[PDB]
Each structure stands twice: as C-alpha cells, then as structure tokens.
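Novice: Spelled out from the first residue to the last, the chains are:
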Amino acid sequence: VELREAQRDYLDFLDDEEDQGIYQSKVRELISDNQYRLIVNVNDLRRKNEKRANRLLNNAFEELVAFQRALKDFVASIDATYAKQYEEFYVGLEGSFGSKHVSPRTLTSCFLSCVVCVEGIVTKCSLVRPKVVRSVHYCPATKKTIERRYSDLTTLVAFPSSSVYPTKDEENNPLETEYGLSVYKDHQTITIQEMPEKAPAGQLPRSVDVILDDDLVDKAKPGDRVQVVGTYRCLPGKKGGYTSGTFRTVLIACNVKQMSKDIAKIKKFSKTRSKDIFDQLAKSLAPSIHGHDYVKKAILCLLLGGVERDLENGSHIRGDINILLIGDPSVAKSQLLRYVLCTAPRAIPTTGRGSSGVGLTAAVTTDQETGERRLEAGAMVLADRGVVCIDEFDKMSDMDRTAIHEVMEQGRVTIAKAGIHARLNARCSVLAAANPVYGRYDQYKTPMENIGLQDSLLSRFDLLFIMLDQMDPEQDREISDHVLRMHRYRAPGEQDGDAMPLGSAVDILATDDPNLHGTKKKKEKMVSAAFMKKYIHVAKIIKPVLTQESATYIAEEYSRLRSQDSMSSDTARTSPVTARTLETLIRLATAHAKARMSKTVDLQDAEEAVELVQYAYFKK
Amino acid sequence: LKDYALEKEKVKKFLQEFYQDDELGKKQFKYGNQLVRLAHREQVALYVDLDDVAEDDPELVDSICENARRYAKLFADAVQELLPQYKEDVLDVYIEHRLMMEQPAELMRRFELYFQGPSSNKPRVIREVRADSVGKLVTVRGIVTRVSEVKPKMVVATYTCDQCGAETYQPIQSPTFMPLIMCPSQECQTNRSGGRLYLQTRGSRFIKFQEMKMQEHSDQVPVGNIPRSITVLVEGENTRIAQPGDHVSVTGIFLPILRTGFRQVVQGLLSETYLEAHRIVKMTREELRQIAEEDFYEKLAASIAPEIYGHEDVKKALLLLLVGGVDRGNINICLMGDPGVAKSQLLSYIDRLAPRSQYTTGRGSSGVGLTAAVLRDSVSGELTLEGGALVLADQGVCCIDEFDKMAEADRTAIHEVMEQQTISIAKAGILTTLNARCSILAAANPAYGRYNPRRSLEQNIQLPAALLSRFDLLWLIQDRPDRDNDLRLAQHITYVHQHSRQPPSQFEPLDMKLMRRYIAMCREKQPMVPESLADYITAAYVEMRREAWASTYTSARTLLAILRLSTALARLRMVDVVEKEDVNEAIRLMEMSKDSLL
Amino acid sequence: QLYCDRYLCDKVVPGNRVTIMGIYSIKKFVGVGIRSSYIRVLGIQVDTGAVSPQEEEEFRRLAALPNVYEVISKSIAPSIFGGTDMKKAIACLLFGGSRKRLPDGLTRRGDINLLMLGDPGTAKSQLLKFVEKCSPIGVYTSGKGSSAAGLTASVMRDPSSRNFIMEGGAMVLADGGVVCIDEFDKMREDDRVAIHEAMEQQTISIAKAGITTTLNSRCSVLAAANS
DNA sequence: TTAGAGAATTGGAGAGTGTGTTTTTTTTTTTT
DNA sequence: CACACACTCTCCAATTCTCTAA
Ligand SMILES: Nc1ncnc2c1ncn2[C@@H]1O[C@H](COP(=O)(O)OP(=O)(O)NP(=O)(O)O)[C@@H](O)[C@H]1O
Ligand SMILES: Nc1ncnc2c1ncn2[C@@H]1O[C@H](COP(=O)(O)OP(=O)(O)NP(=O)(O)O)[C@@H](O)[C@H]1O
Ligand SMILES: [Mg+2]
Ligand SMILES: [Mg+2]
Ligand SMILES: [Zn+2]
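Protein chains in written order, with PDB author numbering: chain 3, 10 to 271, 281 to 533, 552 to 656; chain 7, 3 to 90, 97 to 111, 127 to 306, 320 to 363, 372 to 595, 599 to 645; chain 5, 246 to 274, 285 to 303, 312 to 490.
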C-alpha cells in the first residue's frame, strides 16, 4: 500500500528531461535498441536521492518492484505501444554499493534481501530452459480466452503459484493452451566461486548459486571472472507439513559484468613513434625475469599468433603457435608460464601431475537443476581462442597426452560420452614447460635422449627451446644483480616494514576508478604491463597478409634450412626441418606483422621470424 | 484478439483460390489439385507454404508464425471441411463401415498438414531458439546426432464395449493418457450392466512417430561453450527423412514438454522443450568422351592431390584402392613415413575425395573408437550403439593416422576386419555383430626418428607381421632435403597462405564429382581372368618370389594381391576381362613399392 | 557432529584443536527406534591469533633483546643434544622469509624448504615431531604413508549430491604453515613429483573431473630422509 | 386358511477424507 | 503434485414383520 511513494520517487528520478536528460536518454536508447532492462547507476541515484538509494540497497525486493513499475510507467509515457510489447521492464544496478561489495565467502546470511555485488569466477552453468510467467488459454466450447499469471519463490513478488495449467474445466468446459499468445522467459542457474588466491590460508574456495533470467542468460560461461549485482534470498525447502530451518540461498541477478574482458588511435601512433616495437615489447614482456630474449620474443609471438586460414577446398590451417620450453632446474620456465597466465586473456593453468585426460577436455557431470547429465568443459576447451600453460609437462601420463595430441593437431577434441557425440572447439596455443630426462640436461647425450618426449608429439610444437643453467660468471653477475634488485623492491603504497597481507576483497565499484613507459630506469624505455595488455589485445585483431618479397625470402631461407640439414649433425639437431617448420615460419612472420600492426607481412617480419627459427633449431 | 472462425474462412479462401503458374504457365490451382489428391487418398501429407500465404495476406502469415499450433489446427479443419468439394486398406474399411452406421473427426481425418516456413525467417542455430519463441514457427539448422526407430503413436484410440456393442472414441493429445475401462454409454450406465471396454488396435488411428536429437554445427558454437542440442519430434511423412550424422534444417514449432505427476511438482514452472517438426530439408556423354581419352588413367592420377608432387605410382595405387578388385576385393594399403612428410596430407585428400570415408588416429581417441560405442542419453537412460570409424566407413575407405600407435584392442579389431569384415560390441552386457567392409588406408611412423633403411620394416615400425602383411602395398614416404623441390614446395605453401588457394599447376584437375561418377561406373564392371593370363600370373609370381627369396614377405597372398590389382586395373579400363597390361601394372606396382621401402 | 550458530561460524577451521562446550542432543530430522546425535555448540575454545597488549609487549621485548636468535635456537627441541646449526635452520624455517609481489604480478615465495638427509637414530624424526607441535600451523606426514592426491589435493564425488568436489591434502591443510614429511625417501617418484608446484610456486593447479582451479599452498616443506 | 399392502430394521453403494509415491578419481594387489 | 490404497461416514433401498381382505 505504501510503495506508491517509492514508485513516485523512482519515476521522478527517471524523468531526467528537466536537468540533465541522462536517464531519459538511456530509456530512449533502450527503446531504439529494442531492449527491456535499463542499466541504472546507483551513484546517480545517490546524487539525486540518497534516502532512496539507501532504501534500494537495504530493502531490495519492494524497492525493485517499485523501480520496475516506475520504469514501465516512464517507457509507456515515452512510447506506449513499445511498453505493451514487453511483459515488464527490468532494472539492473551498477555503480558503488558500499559495504555490499562482497565475495562468496563474505556473503553471509545478514545480507538477505539486500542488493549485493558479488565478484568471483564462474565454475558451472545449467542449460537454459524456458519458464512460464503468463499462460493464455482458449475455450472452443465458449469462444472465450482467459489468462493466468505464474510466480514462484524466485520471482520478486515471491508467491508460489500452482504449476499446472487450467486443463479440462473452466466454466466446466475443456480449455486448451495458446502457447503462442503465452509468454515464457529464459532461466539459467550458474555458480560463482571465490577467487582462489583470496581464500584465507587452508580454506578451500567457497561458492554461491546465482539465478539469471531473460536477457542475462548468455552473459556468463565457466572460467569467466564476473561481477554479479543481484538480490540475496533464501528458498524454504519445506517437506509439506514440516521443514527444517536450513534454507538454501540464491542470488537473483539483475546485472552481470565481465570484469576481465575490457583509444586505438594512440596505439596506432605509438607503433610509428617506436622503432621496431616488437623488440621493446619483448624486452618489456616479463621484467622480473632477466635474459631469455629469444624465448620472450617467441612467447610474444605465441600471445599474438598467426592468422588461421580457411582454404577454398574446406581444409583449414591452424593459426595458433605452440611453444615447448625444456631446461634445467631454476631457469625461470615456471615463472614465464605464470607471467603468461597473468598477462593473456583466457589463459588456463595446468600442471602435468595434477591433471587428467578427462579434466583437460570434458567430463560428464549431473546438472542438479534437473538431474540430467551433460558435458562440463575441461582445460583446453575453456582455453578456446586463448592459451593453456602446462608446467611439468614431462610428468604427464601417455594416456593423458593422447588428449593433447588432437587439440594441438586439429584445434578440436572429439568426445563420445553420456548421450553426446561431438567435436568440441579447443583452438588454443599451448605453452608447455618440461625438464629433460634425469632432471638436469646432459651435454654428453643427444637432444633426442635428453628430451624424453616422443618425436610424434614434438612435431606438434612450433618452437622448442633448450635453456640451460650455464654457470658463466658474467651471466651469473647480471642475473644475481637483477634477482637481488627484484627482492629489494617494495611497492610505493606499502610501509617500510610491511609483510604483504593475505588476500581479501578490495574491489568497491562495478567499474574501475583510475580511468606508457616505466619511469624508474633509463635503458631502452621499458613498456608498462597495462599498456602491454591493451596493445596485445588490440594487435591480435589486425590480421596481416603476406607479400611477394616476404614470401620469396621465407621460401628461399626455408630451402637453405632444408638443404643445410643434409650435412647438419644428426646427433645434435634439435628437431627435423619439414613443411611444419615452414608453417611455423609463416605463423611467426604473421605474428611479427601483428606486433607491428603493419597489415602486410614485410621482409622485416620474415627476417625476424626466420632468425627466431634459426635460433630455436640450431642454438642451445 | 482473433476471431478464429473468420480465420478459418480466410484459410478456406486461400486454399480454394490460390494459383502459382506452375509447369510453365498452366495457371495451376496447386492447393486445389492437392485437395483432390487428399480427397482421393492418393496423397496424405500437404505442405502448405507460408510464402504462398504471404502473397495475399502477410498478417495471416504473421498470425501463423506467432501462434503456429492454433493455425495448424485451423488449416487442418479447413482442409477437412473442404475435402468433399474436391471428392469428385484397413482403416478405410472401418471408416466405410462407420459411414454405414451413420447412414470422431480426428479419426476420420486421414491426412496431415504442415507449414513449409517462409523465406523471410532466417534459419536459426539451436542456441538462438530463445524462450520468446515458444509456441512460434521457427527454422533451425543442425546436425542430426541420433534418430529412433519409427514407432506407432496413438492419435485416436477406439474401444468396443462387450455388453452394448457400441464403439467409443478417445482422442489423444498429451504424451500420456488414461485408457478407458468401464463403458460410458447410457445404455450401460442406466442398466448398470458392468460392461467394459476393449481397445481395438485395428480400428484406431495410429501415426508414424520418430524421436531425434539435433545438435549445433561445431563451427557455429561460441568459443568457450559445449554445443547445444534440441529434441525434435517427427510425425507422419516427415519420418525417415533424417539419418544420424546428416545436416538438416527443420521448420517446426518450439513447444514445452508438459510432463505428468511427480515430475510436475519437481520441475515447477520450468519445463523441457521439443521441436514439433513440420518440414525437414536436407543440406554426361561429353564427360564420358573426356574419360575415353586414353590419358584418363594418368589424368586421374594427376587430378589426385596436385598439392603433392611426385609419388605418381602411389597415386595410381590409391586410385586402384578406390576402384577395388573383383569381389575380398578391398585393396588395403599402408604408407609409412616420418611425421610431417606430407603423409597426413595425402590421407586427408583421400578422405575428402572418397564418397564414404573416415579419418582417425590409431591412438587412444577420447571420441568413439575404430569400433562403435554405446551411449546412454540419461534423460531417457536408453543405451544405444553409435558411430565407430570402421562402421561409418563401411562401404568405402577408413584412413588411420599413426597406425603404429594403436592399442591392442584396436589392433585386434582391425585384424577381425581384415579377416571377416565385421566386429563385435556389447550394448548392455549382451552383444551383437556389427558390419564394416571398409578398405583400410594406414599411415604409420618409425618407432623413433627418421626411417633408417638398414632396419627391416616390422622391426622399425614396431607392428606385428600378422597385421602388417595384410596390406596389399607397402610404401615408404621417406623425406630428405632437395633444393629445387624444397623451393617449389615452399612456393606452393606460401601461395596457399597468401591467396587461400592452390596456385595454377599448368593443368586442370578433373571435377571430383566427375571422378566419383567415373569410379562408380568403373566399380560396376565385373572382370574375370582367362587361363592364359592365369599362366602369365603364375610365371610372374614365381619369378617375383625368386627375387624376394634372394632379397621374406611374399606368399600366396602375393599372388592374390597381384590378381586383385590386375582386376582393379581391368575395372579401371572398364572392360570385363583382364589383359597383360593389368598384370604388368600389378607386378611393377608391388616391385616398386618394395623398391620405395628399400 | 557439531552445530555452530551465528558468531560461532568460521571461528574454527579444519586442522584446529578445540574444546567444544555444547548440548548433546538428537538430530530430530540399521534399526527402528534410533536417532542420530550431535552437539549444539554454544562455546568454542581453541586449545592450540588476536594477541593481548601484554603479550605484544612480551613479544616486542623478546625481539628487542640482543641474543634472541640464540635463545630461539636453544628453545627449539631442548631435549635434543647438539645439532645447533640444524636447530638454527629450523628457526629460520619457522619464521620464514617475506612473500613479495613484484610489479609484473609475479610472486616470490618467502617459505624456506629444509631437507635433512643423514644417518639413522639422529633425532631427525624427533625434530620433525617438535616442529609439527611448535609451528602455528603444522601437519606431520610420513612419506611412505602419503600419496600424490593426499599430499596436494583429491577430487572425489560428493555422495549426497553426485558432483565432484575438492579435498585438501596435507599441503593445503598446512597452508600458511609447515609440512613435516618424515621418511621422505620412501615415497614413490610419481608422488614426490606431485609436490614440485607446491614447493616453489606455492600453488596446486588442478584440472580433473571438469573442475579446474589453482589452490594455494603457501607452506614450508621440512623433510627427513636416510641415505 | 392363505396372500397382498403398509411400516420397521439393517446391508451396502457411494461420497468424502487422509495418506503414499554407466563415469570419474584414487586405492591396492597382482598380473605381465 | 495427481493418481491409487485404506478408512470413515451418510442416506438409499432391499428384505422381512405385522395387519388386513379374499
Ligand atoms: N633469469 C632469471 N631471472 C630472474 N629470476 C630467475 C631467473 N632464473 C631463475 N630465476 C628464479 O628462479 C626461481 C625458480 O624459477 P622457475 O620458473 O621454477 O625455474 P624453472 O626453469 O621452471 N625450473 P623448474 O621448475 O625446476 O623446472 C624463481 O624464483 C625465478 O624467479
Ligand atoms: N642428539 C640427540 N639427542 C636426544 N635424543 C636423540 C638424539 N639423537 C637421537 N636421539 C633419540 O633417538 C631416537 C630416534 O630418533 P629419531 O628422531 O628417529 O632420529 P632419526 O634420525 O629420525 N631416526 P631415522 O628415522 O632412522 O632416521 C629418539 O628417541 C631420539 O630422541
Ligand atoms: Mg619452475
Ligand atoms: Mg625417521
Ligand atoms: Zn457399453
């Protein structure tokens, strides 16, 4: 009875035509785009009505139905017929929610019926299924049509309606359902898990169930790091005539943001200002790790990648670049993997002893929303159009590497389990790290015996690097100097004797608030990590094309490499040069062209790519 | 709102009055003609096109697309009411006798109507079938993952009463129903006669019913997602159009499955869905003179994989593999090499060219193996056999990469195929035999590194001789540097990357459809050997065995191999008797395959 | 079975030793007249992190006095004669270095890993049994009694839900503490391989049964072995 | 004396109410 | 939950008891 005042407040807030026109413009954009939820910033609601903002965040359900009714009134005033074209117009909330910013761990029972913004990683999603909200029925015996609304505990009003349809009797006559005139909404359930690094000590990551409706269902898949704004509620699990107090709790989402996914003109100017920007990016790739320049260049090529061809005959040429690092203990292989996991979009960690062929590809699991079993994606399927980092790769079982073979060879994985027979897309770059046999590389043995992997598997990697703990005194001097400098570093936003805090939630707005070189050092103008992330994100899309001169030089130098294999030492060749090496040359030249943002693979790209191949094939 | 009686009258008007000038301007009333055919029972299914409906009422097309089930019923009722105007087996007999009793509309209805979807509607993917499209006519593309056998679905049940001799009828809509027990007729109820009802399967209307499951095309799925699936329920003449592994586009109504009883309270307002299928669509003498040119053998060998230079005699052997010998008959061959030697590329070409084929790895695949496998489909829980590379390749050729890396189960399965061309598999502890007569095209690696000719093939490739001797030809695709050929190969690869196509080769490959026609009519020829050529076979075989003994993988299977290859070349020549050139070709192909191995 | 309520939730974690004050009672939803029993907790006492100011003054005095290093070394395993340098190494292990997160996001471990190879009957196992007792978080394992899953993490099907769930091994149970692996040489090679990520990167990356995560293993490995 | 019409007693038919409903990881022993 | 066991409860009517005529 009292909610008309709140509805008046929200309608007054939405009618921005008087002062700034922000939200009337947003509603107009909603009408033009044919959407039916408005994205409202609670910061603006605070600026115009602090009282109503506090009430909204602390009394979420009643306030939200008031807000949605006000939005329906406003969109009707702007365009009445469009207001009739949808059952109801939702509102999704963004901005800063104060103390309501939580994780799945800190989302305790005291947050019930409040708007909360939960940050976490998606572990699983149920299949989208329709949900009836209003069913229309027709009586042939009466030539009359009737309607019934439907609600359940998930809906904001939360009354449980009877599940069944009117069936054989209205006016004691048989009805039949008008499915077309009825209206259904999409329904999906996901599970948001705590960020694994932020758990306290030995506690495993906790999780919270989330319910998506209508247009939100597409906006999250497993492995995504998301921020979900919604209302927290308990669902009573009555037996019928009896219940235990234990109720499961869910988050009915009103808005979902991909917090890790995501201006170009300054990048396209920087590629002109800089001289051979590939070198600067490669040097600035992992600042904490000294040396390994060619490996860093190869990793940058892996990050950028070639362009995947589709041929007129329907065959396709795989565009991803696969790198295998083999080397002694303590030569930063694991650290290079960790940097790639931090810097790249959708990079999946994996280690040889802690993974299985099932977990790498797909597993049959029961969806508890229904009980039916479905495929749940493994590591390389999650890594599609991304990277997968495999540490301790020499420690995998052969049956587990059978899974990797198809992924690397064809960019897919074939599955035949449960009721499903399917070719899943697993188009990912593999960055594998391994130790040689006997732990430490043996100079008195051939590379094919230091490398315990089979030649069939090794053929699938574009580049194979052997990196050794050579105890040269000058190299040791520079390495130790860099290591001790890194260990001496302390951040500016940290006191002089602090131990760094164990993880806790520190994100307090749905969008980042502080919105290219490093400033400390003089030599070579090191690039910052954020700019490198943005530049790689832009440069991956350029898609350059071969030129006649670069093609000619690649062919000539490949022929030289092949003919050089005639007299090259069979006892010490890293890997045999073949057409696969030529594919590697083309992909690396394309990646260098992407780094330059050139749109044409030039002779410079060919020169750098074939230099990298020469180093990887004929240098330790 | 809608006045469905007026809609029915407008539908009658459309059916009566539409014409489309078919058969080059004859001004045919297509729907009147089909109404005559339905009335005469010479036709049962009527696919009305909403593109035709659009040409006189777009609003009616919109109403159909928005409320498809209602308008399906209205169109069917209008057609049934109009059949007497155009009316110039067992259920027919029953309808005749019920007309005699008159002298249950759904029972007397002996036709079916479907909407062929309008071209303005784009064909969706399965993932794009949102909840807003429930109860609406949608067009969906996908791969047919699995199809059930055709089963009878009760449409109108018919009962007879023992005491009062009266027929009673029970129309069926839901997937489940209550069968009637006691007689409802007033002469039974008022007399309290205790009469009961017996179902008459003979005099009750069934319909063909088939359940299948579509699945997203793999190259249309979003990046990080499992392909989605949709259950499709198929009725009447739409049944048996689809098969597993087929690519289809289905026009149908997206509807919810309304379960009964305990599942209702469990599921609540949620519901599973199915697609009610209305339409399923599936995605030379001059040429014989070109074939007549005596170059045709080498012309075809050149047309085989111009992307690969050399190995022309291997290409000829591959041609004879696709041709096959006299019916035994499969020319199984094996070609070993190092990784990356263009061996996989050659096998991929044969898989693309061949009409029935498969391409797989000997190892360890997480998919269905070389043998078929039994899936569970746990929403139903009914275990069903599916796939198997050998089974899917049955009448054709199965290509196996890294044959050396096969498991022992796979090796025994291929051994069984080589022996008797069928395999054994268990569904639910019980087991069956499953048929596969495919030719095997095997590619294998050395056990370690590049091939060394100083070591024998079985010791190098690490395969048992019991399997390795089965193949008629053994080739070794060795790769070594060669400056000009490497440069030519590099120019080819660079052009392929630069233009996404093969460069011009100073000749035109024959069309693969024409090659398929050629090998088909070739395989339809059935040669036989004369006795003089048998003597020639004997002399050539004994001399070849002298050479093999002096340098041992020659036996009676060698004589049978050269006979198979000679009959294959006789088929290639398209003549029903072999000749000296056939035996010469077989002998030299075997000899030079051994030379390639040496 | 215990039932914790309101502010008793998350007052204790697995591996802790507690005294529980509560009400022994039946659950109230083989045989007929049987009811399952549990304790309704109303008081938790950790028998052994919020220090009192008096304790903080004592700790500051201990840090301030000049011979605290020798005092700690003498305090470690006082029943064990000799081995003073090994006790000093154990002191360094117990206090540990400083974890550091560098500008590019790479993290360096502060934990110190200490192996004690040597002759039998030399108090190595007793030093491990002291460190398990003395460390704020401490887990004692026998190498021969351990497995790769049991050390790092196990994936098992939840019986009541049919999902696959994670279970913390010794290195997860000891996160923020010390793992005492006694008779370390008796492990099979494939099981010693499992701890390589957790010893250096201090993480346990898992990809099994469709669940894919990176658990934390910020712990020190103290190992004992014979020749 | 024997048989049919009006009144009294008890069986049970029917309505209402309450209740019941293969597929992955990890271990262990033995097979080679 | 909507479709089946098991039990209670209500009023209809089926058969006998008693009075009268043939
Ligand atoms: N060139 C280097 N610059 C900086 N730190 C380095 C360098 N080489 C090794 N380190 C350090 O050595 C430690 C071990 O690095 P890590 O990546 O595990 O080496 P690794 O090559 O993977 N050896 P392993 O894991 O035993 O196969 C880390 O703290 C690195 O930072
Ligand atoms: N220096 C010592 N001071 C006191 N007790 C000692 C000393 N050395 C050995 N012991 C005792 O010897 C017994 C065995 O000690 P233990 O801890 O097993 O040594 P250990 O080297 O680990 N044995 P092992 O497992 O065979 O290598 C215990 O009772 C110890 O207390
Ligand atoms: Mg490492
Ligand atoms: Mg010991
Ligand atoms: Zn009857």
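Hints are supplied without guarantee of correctness; some may be wrong.
[What the hints assert, rightly or not] In silico SDA-like links for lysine to any residue, alpha-carbon gap of 20 Å or less:
| hint | chain 1 | residue 1 | chain 2 | residue 2 |
| --- | --- | --- | --- | --- |
| 1 | 3 | 207 | 5 | 357 |
| 2 | 5 | 256 | 3 | 208 |
| 3 | 5 | 363 | 3 | 181 |
| 4 | 3 | 230 | 7 | 251 |
| 5 | 3 | 413 | 5 | 364 |
| 6 | 3 | 177 | 7 | 195 |
| 7 | 7 | 335 | 7 | 604 |
| 8 | 3 | 247 | 3 | 145 |
| 9 | 3 | 207 | 5 | 383 |
| 10 | 3 | 248 | 7 | 285 |
| 11 | 3 | 247 | 7 | 288 |
| 12 | 3 | 301 | 5 | 247 |
| 13 | 3 | 194 | 7 | 68 |
| 14 | 5 | 407 | 5 | 383 |
| 15 | 3 | 60 | 3 | 135 |
| 16 | 5 | 363 | 3 | 497 |
| 17 | 3 | 556 | 5 | 255 |
| 18 | 5 | 350 | 5 | 407 |
| 19 | 7 | 12 | 7 | 45 |
| 20 | 3 | 579 | 7 | 540 |
| 21 | 3 | 248 | 7 | 335 |
| 22 | 5 | 363 | 3 | 352 |
| 23 | 3 | 207 | 5 | 363 |
| 24 | 7 | 159 | 3 | 145 |
| 25 | 3 | 207 | 5 | 351 |
| 26 | 3 | 194 | 7 | 195 |
| 27 | 5 | 363 | 3 | 145 |
| 28 | 7 | 75 | 3 | 161 |
| 29 | 3 | 579 | 7 | 539 |
| 30 | 3 | 556 | 3 | 494 |
| 31 | 3 | 435 | 7 | 539 |
| 32 | 5 | 396 | 5 | 453 |
| 33 | 7 | 159 | 3 | 435 |
| 34 | 5 | 272 | 3 | 435 |
If you're looking for bench data, these hints aren't it; they were derived computationally from the structure.
Novice: None of the hints should be skipped; say for each whether it holds.
Specialist: Right, here's what the structure says about each hint:
| no. | hint | verdict |
| --- | --- | --- |
| 1 | 207 (chain 3) - 357 (chain 5) | violated (23 Å) |
| 2 | 256 (chain 5) - 208 (chain 3) | holds (15 Å) |
| 3 | 363 (chain 5) - 181 (chain 3) | violated (77 Å) |
| 4 | 230 (chain 3) - 251 (chain 7) | holds (13 Å) |
| 5 | 413 (chain 3) - 364 (chain 5) | violated (28 Å) |
| 6 | 177 (chain 3) - 195 (chain 7) | holds (13 Å) |
| 7 | 335 (chain 7) - 604 (chain 7) | violated (30 Å) |
| 8 | 247 (chain 3) - 145 (chain 3) | violated (30 Å) |
| 9 | 207 (chain 3) - 383 (chain 5) | violated (42 Å) |
| 10 | 248 (chain 3) - 285 (chain 7) | holds (14 Å) |
| 11 | 247 (chain 3) - 288 (chain 7) | holds (13 Å) |
| 12 | 301 (chain 3) - 247 (chain 5) | violated (57 Å) |
| 13 | 194 (chain 3) - 68 (chain 7) | holds (16 Å) |
| 14 | 407 (chain 5) - 383 (chain 5) | holds (16 Å) |
| 15 | 60 (chain 3) - 135 (chain 3) | violated (38 Å) |
| 16 | 363 (chain 5) - 497 (chain 3) | holds (18 Å) |
| 17 | 556 (chain 3) - 255 (chain 5) | violated (44 Å) |
| 18 | 350 (chain 5) - 407 (chain 5) | violated (25 Å) |
| 19 | 12 (chain 7) - 45 (chain 7) | violated (24 Å) |
| 20 | 579 (chain 3) - 540 (chain 7) | holds (16 Å) |
| 21 | 248 (chain 3) - 335 (chain 7) | violated (78 Å) |
| 22 | 363 (chain 5) - 352 (chain 3) | holds (17 Å) |
| 23 | 207 (chain 3) - 363 (chain 5) | holds (16 Å) |
| 24 | 159 (chain 7) - 145 (chain 3) | holds (14 Å) |
| 25 | 207 (chain 3) - 351 (chain 5) | violated (32 Å) |
| 26 | 194 (chain 3) - 195 (chain 7) | violated (28 Å) |
| 27 | 363 (chain 5) - 145 (chain 3) | violated (64 Å) |
| 28 | 75 (chain 7) - 161 (chain 3) | violated (32 Å) |
| 29 | 579 (chain 3) - 539 (chain 7) | holds (17 Å) |
| 30 | 556 (chain 3) - 494 (chain 3) | violated (24 Å) |
| 31 | 435 (chain 3) - 539 (chain 7) | violated (41 Å) |
| 32 | 396 (chain 5) - 453 (chain 5) | violated (29 Å) |
| 33 | 159 (chain 7) - 435 (chain 3) | violated (32 Å) |
| 34 | 272 (chain 5) - 435 (chain 3) | violated (41 Å) |
The structure is inconsistent with the numbered hints 1, 3, 5, 7, 8, 9, 12, 15, 17, 18, 19, 21, 25, 26, 27, 28, 30, 31, 32, 33, 34, although it conforms to all the rest.
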